[PDB]
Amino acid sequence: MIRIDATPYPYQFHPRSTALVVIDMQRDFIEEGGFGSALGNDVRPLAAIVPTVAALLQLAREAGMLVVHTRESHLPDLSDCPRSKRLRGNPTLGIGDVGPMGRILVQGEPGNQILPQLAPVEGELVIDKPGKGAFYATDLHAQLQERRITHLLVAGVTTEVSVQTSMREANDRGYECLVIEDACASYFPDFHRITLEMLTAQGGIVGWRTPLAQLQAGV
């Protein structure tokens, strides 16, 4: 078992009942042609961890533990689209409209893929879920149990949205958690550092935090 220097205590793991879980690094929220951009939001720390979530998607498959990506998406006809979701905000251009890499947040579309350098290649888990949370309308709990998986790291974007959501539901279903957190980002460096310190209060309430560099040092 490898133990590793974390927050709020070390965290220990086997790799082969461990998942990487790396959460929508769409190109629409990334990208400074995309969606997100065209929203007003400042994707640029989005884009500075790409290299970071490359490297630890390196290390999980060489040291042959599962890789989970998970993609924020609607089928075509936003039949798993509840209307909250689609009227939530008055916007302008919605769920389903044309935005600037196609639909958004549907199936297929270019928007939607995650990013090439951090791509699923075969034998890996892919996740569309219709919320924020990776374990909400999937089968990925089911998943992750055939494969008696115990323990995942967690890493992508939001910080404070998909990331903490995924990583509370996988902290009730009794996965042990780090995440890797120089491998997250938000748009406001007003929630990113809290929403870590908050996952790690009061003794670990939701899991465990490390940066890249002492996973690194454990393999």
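Numbering follows the first chain given and starts at 1. Rigid core: the largest C-alpha set superposing within 1.5 Å between the two forms. First, how it differs from the form deposited in another entry.
Rigid core superposed between these two forms, residues 32, 172, 190, 62 considered: the one with a C-alpha shift of 2 Å or more is 32.
Same protein, the form deposited in another entry this time rather than the form deposited in one PDB entry?
Nothing else is written out below except the one chain.
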């Protein structure tokens, strides 16, 4: 077992029953002119974590852990895009509309792709999800149970939306989750750090958090 100094108390895992889950590291969130921009955000904060996420991905690959990537995305015919989601916020350019990187939040479009610095490789799971939570309308739980995974390392964007939603879903399903604090980011400084504090409050109610350097020290 590997023991990591973590908040609120040490986190122990075995690499062979652990998966790294990298959430939504897509141009649609990190680059100007995609879905994140369409919602009225300044997307600039997210790019800062890309080298840290790359270092985490290399750590997981070198340890022989399962790597899972998620993409928030819709079928090109939008048959998995609820009308509520399409209308929310009355956006000028919405899901499926053509922006500078193609149709916003649609599978197969350039703007929907994972950044090349963090791209999946053969042997990794890639989950397209129509909501913020990685477990809703996906086979992620079944895929992790088939591989006897018990522990999840969690990274990606945004901290208070897809990352926290996915970690809360995983906690309910019995996974032991460690969020890598400097491998996550938000459009809002108002939301990033306090989301991490909520997740680990009350003796770890949703799970654990630590910086990448503490994980690197364990492996």
